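Let me begin by handing over the structure; questions about it come next.
Note that one protein chain of the assembly has been removed; the remaining protein chains are unaltered in position.
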Amino acid sequence: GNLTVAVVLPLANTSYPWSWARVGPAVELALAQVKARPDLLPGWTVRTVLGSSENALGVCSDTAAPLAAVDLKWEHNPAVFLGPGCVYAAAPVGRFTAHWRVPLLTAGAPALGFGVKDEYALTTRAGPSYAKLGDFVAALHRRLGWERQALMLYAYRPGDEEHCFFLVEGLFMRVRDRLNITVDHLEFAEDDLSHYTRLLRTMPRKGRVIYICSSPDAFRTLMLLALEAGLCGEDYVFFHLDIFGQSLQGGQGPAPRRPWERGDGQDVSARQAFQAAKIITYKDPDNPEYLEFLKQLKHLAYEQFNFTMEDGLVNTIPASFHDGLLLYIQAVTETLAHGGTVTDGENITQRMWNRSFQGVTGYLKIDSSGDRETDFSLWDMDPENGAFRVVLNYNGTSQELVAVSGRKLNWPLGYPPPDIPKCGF
Amino acid sequence: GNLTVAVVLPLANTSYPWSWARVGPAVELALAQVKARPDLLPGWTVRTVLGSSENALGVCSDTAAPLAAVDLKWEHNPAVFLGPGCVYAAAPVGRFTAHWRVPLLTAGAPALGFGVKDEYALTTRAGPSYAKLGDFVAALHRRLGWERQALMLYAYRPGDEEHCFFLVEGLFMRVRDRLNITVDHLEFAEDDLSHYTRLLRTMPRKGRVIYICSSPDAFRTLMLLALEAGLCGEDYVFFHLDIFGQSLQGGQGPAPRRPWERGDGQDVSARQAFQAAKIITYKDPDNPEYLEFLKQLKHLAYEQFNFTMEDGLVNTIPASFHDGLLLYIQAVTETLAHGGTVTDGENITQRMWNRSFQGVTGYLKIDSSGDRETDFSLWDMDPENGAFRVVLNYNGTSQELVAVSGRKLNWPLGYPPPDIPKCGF
Amino acid sequence: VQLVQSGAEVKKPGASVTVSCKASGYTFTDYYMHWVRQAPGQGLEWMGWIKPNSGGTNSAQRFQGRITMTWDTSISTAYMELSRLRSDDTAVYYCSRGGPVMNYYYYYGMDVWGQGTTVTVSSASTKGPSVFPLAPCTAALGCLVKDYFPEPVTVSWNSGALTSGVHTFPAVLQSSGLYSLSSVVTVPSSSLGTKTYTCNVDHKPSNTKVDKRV
Amino acid sequence: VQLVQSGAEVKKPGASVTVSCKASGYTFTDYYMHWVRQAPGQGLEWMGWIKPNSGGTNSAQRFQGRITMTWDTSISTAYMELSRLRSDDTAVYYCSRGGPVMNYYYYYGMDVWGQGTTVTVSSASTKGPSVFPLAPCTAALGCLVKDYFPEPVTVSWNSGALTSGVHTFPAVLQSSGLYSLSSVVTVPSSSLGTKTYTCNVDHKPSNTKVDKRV
Amino acid sequence: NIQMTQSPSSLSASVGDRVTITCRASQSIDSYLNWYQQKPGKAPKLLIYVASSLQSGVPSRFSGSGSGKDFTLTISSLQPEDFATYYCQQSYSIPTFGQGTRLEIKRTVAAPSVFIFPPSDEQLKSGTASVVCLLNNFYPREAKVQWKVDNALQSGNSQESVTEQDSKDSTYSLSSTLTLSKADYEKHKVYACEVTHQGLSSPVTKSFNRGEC
Partner (left out) sequence: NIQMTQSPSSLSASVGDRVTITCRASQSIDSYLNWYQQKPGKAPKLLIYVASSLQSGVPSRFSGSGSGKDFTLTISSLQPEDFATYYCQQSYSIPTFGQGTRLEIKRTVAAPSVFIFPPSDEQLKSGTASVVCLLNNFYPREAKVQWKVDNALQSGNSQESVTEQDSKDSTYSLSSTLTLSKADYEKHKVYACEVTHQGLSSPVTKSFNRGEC
């Protein structure tokens, strides 16, 4: 027989991590692996139909994606849906697939609103989620002995679908659910300048441990403002939630990184300012299979899509799709091994959830809620040469923290600053 | 030529105000009138095609309605859509018709969300809407000198589709727009003693003017409970928002009306309690053409649709469908007379909007935003007999309150009580 | 390839019925087994199927409540058990094989079908028929059978003496719960009294033999 | 009923073109009037129409913005003006009548058509043609006319004495903006020298009198 | 689920003709369709296994085509053994069966013969009377029968029986039986049935009287 896979991704724009120009080679490699493996769907072939989720302007919209999904469902009636990645585009599509009892597979859409299975049933997320970042924050708080208060700041920028809103809300809800501590939050505009002054005036009265969701340039400007104001690392600590590693170019294998220098004439001050800043990023795979997959992915993408891919953690986004696709196929086989049909949905989704799988990224696990557990990394600056390096990794499967080559997380004073000063705010 | 009209309404269940058993005779009468007048589309004929918005369970659904709309569109390519009435069924279809550039006419769908014209362009609402009730409440506050604060209560039963939610939503938003006073809200379940006692403890420190959306039985039980609690008419006033007059019958021109009487040995206490209550319903049309239309409508309904129609304010929905269809036919005729075609959605809609019309329900007025302006009545207790009767009446177009037959509102202390007690909450 | 069924029992509502299907002549554990029911006058109706090697089963939403399908690979037999029988369960059952199990080709059509078994659900006794002859007042000569249970009834009249030009009507279930039918063939009126006509009605479940003069 | 047009003008790009259509034999304000343009090879194309009694106009989406339609009921005439001409505006225009106006029957077909007006838009100038004989190095001879503007050009053989076997190929638009075609004649071989051959060409816009002997 | 529709519901054709049957699905199915033929008193037999395959042992005169939401079954030349009931089944999801498509031969219009039978005395002895009237050797099958007793009409107390088209003469039998209690028999006098058929120019009344019979 034939198995139909429906893809709803931007087929023209090549600026999103889930763009077709970067996902298509991964899907082709997954299909080739499935064909070369007699264990996965013997005697069956897999097809693929494509649809656009962008308007005439070329950005993902919440109007074109549901229409494309409806048209694909009416014309082809597929068994599974791939994508989209944008939350506003994916939510109506997810609801439509839940109503149609058609399984949905995605690696994007990490908003907390997808965490309820009563509404978004039969939906699997094989990519990173914002709740695992909350788990990492809770684990770090437990390890470092902070139990009283925290502060959260996020920046607003026109043009994107509120990237720093969903992450902050998900992390904040997860921290409240798991740690039971008093947490604050605030939004600021990075385009304005008086907003920075107001932030530096109001931060000392609201807490000492601060998480920031903004651009690397905004983070550097804020750090310089804090340094000139009088803020020091002996009382304050700053965390930057750069998941994809933009301040540190790529976030790839070991190499000296200096994010505080750009030749603006004030690198000396920025080097001293960055002594109180740490970065939280994703964890890159280490096995050589990931490197081979990256090589083949880049080669095939260059030859077949006229696109030149770079090195970075963004490449971890399409690969997950690949792995997820493989997992789905396995589940289907199990259904076909138990006297079922490929048009059930519930059995396949239940078999996928709470399972351990092996892929190019490594050994992944899907819990009972159908959310892949992700590992995290914490970067720290070398006190000798002033270069950032990886010092701590967090495994979400066992929920554990491990150092790298015996590296010690240094502090300006000697031990982490207290969460609340003895004199209070 | 031919003019096709597509209908998406409940074809089998007859419990909704917009049921086909109630609307079909009205449309038949309207089409007879169209064929009887020389100035309305001479030489043309009008057809109708039917689709249902209800599922296998017999209730209106948010899946069957859009799927039926798609089926009718593909099969017939109509010129206009009539219905639906349910909020959750109408919300998807408005988007589809706006994308297709086809007009949509409804006498239902009174929710606030449909007022966003950019999302729901080409939608004309010929029936009552809830924001107009916020208009009426603002006028009443202006009259009575209540200028500071109000409290709102809506009840939850799990059978209906959140009827009081949308009513309180529209009223609350419009009143906030216009009077800019302080307004609270609370929701409770009709599950008896725990919620009711908490509510009685909650109110005396939250407000003195209270608006309640619930069932007549819930309102009577609450009003009985409040009497021994100590709440009196010299300090509190309770407004019941019963739009279709179910505590009463409404349609009857002059009947006594005693909503407190049920024959349960509590009727003395009930009439003592209801001295602080007041009821807000729709206004009854009185012109003789309405009476003749009602007679013919009942006859046709019983003869052909095998259904017996009862008197009440419910009968104004089919009248609104009748009037709206006639207005649309006039707009189409005017468009054709100036060198158009029958597929000019924007031209026809813009000819409908901001216009006055003569119908069975009186002299209509569609505002510039595409919503018909609605009238309301305020019933009150007879100081001598104890029978409720209309004492105030509100004209939507001129936005003025008109006394009826030289009647005066009953106030136990002479004048209405103030919003804020002198001591304070 | 063979498919053998056995059973024609009738029983009161609320009891249970077991149907056996034998699939000798081919590898039983190499193909699916579909059970399908057909109403007397509605049409075909898919019930379910089983996969023996993997021990898998599939049933309809409206039938999964009170059906149980099992199998025995020692003798290559399949058993279907139906419970909570009502008046709507009077139909004909078939068992068929279709689709190999080495590759999951469950969409293959049913190749070999069974003979089928008839199941009737009714609360009545096995009481014999009533025969009424028909006489004219270019005529109407025949016999009417009334109030018999259960189906069926043997040849109309004369045990095959008059076969050419014969018409027999199907049984009709009345409100009382019994069955009735007739068979009328008219000869030319010239030889009405020359040839005698007698109708024979035979009923195996009640062992009733009736010879009625027309 | 009669519809009469006028005009064979050639306009430079960016100019304005006006087409007039006069009706006779019927009431002018009793029917709609449509304007239809046809490209040399693409086919018919619809532009718009006018309703005279109510003073209404309807236009196509693509043509909207640079098209104007007016009429005069005293002389029963209609005028259409098109501005911002382009190289693709070279076509043939027709004014058509169809559909009664009393009851808005705009969907009726066009039963009366005009003779048409040819509009050519190009950047060139009037130029005389050049005639070259074509003879072999049954026999065939011919005359090739090239580098002429604008259309049309009439070619004859022996001042109309010889007409059998004469083929005139359609003109082709050269890349330089001019036109060229060739007229050929087939004659018996034995007549290679018995009779003389002469082709006559006529270009009215350039007033060209050329009699070329092969 | 997927609901499947067959067209036409019934069709009449002669021997050696071209016939087509259309099967339509409410949802798109790529190539999951099977065709079955069934004769009275016999189990169904398979003809086409994909939308366009051809099972072993099937004559080549059968063909199948179509895709998406519409499929067609074609017989190039009908034969006397090719008249049966046809079903189209989908196998992409939980299998469902169609309503069927009955095929019959083509014959000229023929007039029915109307026969009446007054109730027998044995029925009166038993306490329940029954009258019958039947139409013999008519074509086509459609006809209407009404009961009239003393110009009065009763509904819900009558039964109808119809046989199958015979192979020899291609005729039909249509017998109507009206059953009444013993008490109701003697308060009426004349019993009749009226027949309306396409082949008959006018409806035919067949009547009898209780007293004389």
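Residue numbering begins at 1 within each chain, and the chains themselves are lettered A, B, C, D and E in the order written.
Keep this in mind: a contact is a pair of C-beta atoms (placed from the backbone, for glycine too) under 8 Å apart; a residue touches a chain by one contact, two chains touch by 3 or more.
Here the missing chain is touched by one residue of B:77, B:182 or B:395, and it is B:77. Of the listed positions D:69, D:124 or D:184, the one in contact with the omitted chain in the full complex is D:184. Contact with the chain that does not appear here is found for just one residue of D:28, D:31, D:94 or D:149, D:94. Considering the full assembly, D:60 is the residue among D:8, D:60 or D:192 that touches the omitted chain.
One chain of the complex is left out; on chain D, the residues touching it are 43-46, 60-61, 94, 106-111, 113-116, 130, 132-138, 140, 142, 144, 146, 167-170, 172, 181-182, 184, 186. Where chain B meets the omitted chain, the residues involved are 2, 4, 74-77, 341-343.
Operating definition for what follows: only the chains that are shown with their structure count from here on.
By count of C-beta pairs in contact, B-D exceeds the other of the chain pairs A-E and B-D. Chain B and chain C have CA centres that are 60 Å apart.
If you average the Cα atoms of chain D and of chain E, the two centres end up 67 Å apart.
Within chain A, the positions touching two or more other chains are listed as 1, 341.
With touch defined as above, residues shared between interfaces to two or more other chains in chain E number as follows: 32, 92, 94.
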